[PDB]
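Given as structure tokens, the chain that follows is alone and in the form solved without its partner chain.
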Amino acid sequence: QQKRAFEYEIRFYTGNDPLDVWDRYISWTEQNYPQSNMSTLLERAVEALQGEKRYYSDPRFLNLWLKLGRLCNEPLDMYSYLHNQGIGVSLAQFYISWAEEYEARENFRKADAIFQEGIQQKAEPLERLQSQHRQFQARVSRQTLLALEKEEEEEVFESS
């Protein structure tokens, strides 16, 4: 076949950037199986890298967790945990992703708090975080104005 799975799996990895192997292996998987053993590769990468403070600001490390969060049925608990470990906390995408989960559940005040914390931390790229924050706010504001229109319409019906 193509058990390149074997080529990656042969971890007599002796270098100083272990995340590198996994990054390439994860990337290979989503490039060959666009939907895969993916979810158990991700769990393995993360466990292999469990407690490694040095990668807590690495976008390749955060990317593992964003991919897991997408598959996970409890991502909110996942982000809370990562935040307590200080994983991804200096990265804009960590906050964008966490806030989007709350926005999806219509908890706009929590999503906003997450953006604002990321901004106060000046998580990188800050301009991506600010842009996404403004887009989020605009979505909520627009949804509100349309909702209010539907309320006003029904309410006005009730008065006849």
Contents of the next structure:
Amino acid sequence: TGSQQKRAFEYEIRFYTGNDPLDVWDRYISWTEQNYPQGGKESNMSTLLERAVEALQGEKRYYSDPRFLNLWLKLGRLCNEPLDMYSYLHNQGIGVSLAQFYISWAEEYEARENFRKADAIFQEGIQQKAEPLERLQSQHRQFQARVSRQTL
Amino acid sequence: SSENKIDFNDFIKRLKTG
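Having seen the form solved without its partner chain, the form solved in complex with its partner chain:
Every component of the complex follows; first up is the chain already shown.
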């Protein structure tokens, strides 16, 4: 049943007749987190992410798609040094028009208590008017409140 | 510990290898 759904996805990757292959990967990834909420070796997540990126790599039509960004962000969280992934996306122009990119990037710096670089990431996202801008600005404001709270 | 985590730079290298 788990077995059956995984097999169905694997066959869909092969036989998909549409023009948006990211859809198959995106549904396969989200079924996988729906069904393995705290991960596990049986989830196959990290290998699924690697396979998804490998299949869609260099597909620039997707560089601004949030499902694409998602694959990379999920992959990055499973890397020894998530900053390598953020900088990569940044160099390649993947996700650079999305607020979520800057939010997650800024969050990684905030988690290490590198508040100054977290702030700079927000500032760049905002200058680029990354979307949605109001969500990005709201998120920035609350990042600032968290820092203030930690310095009283 | 590194153990099970992905090596990002290695991954990117692997993609280029074909």
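Positions refer to the first chain, counted from 1. Heads up, when I say rigid core I mean the largest set of C-alphas that superpose within 1.5 Å between the two forms.
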*After a core superposition, would you say residue 13 shifts its C-alpha by at least 2 Å between the two forms?*
yes
*How many Å does the Cα of residue 28 travel between the two forms when the structures are matched on their rigid core?*
1.2
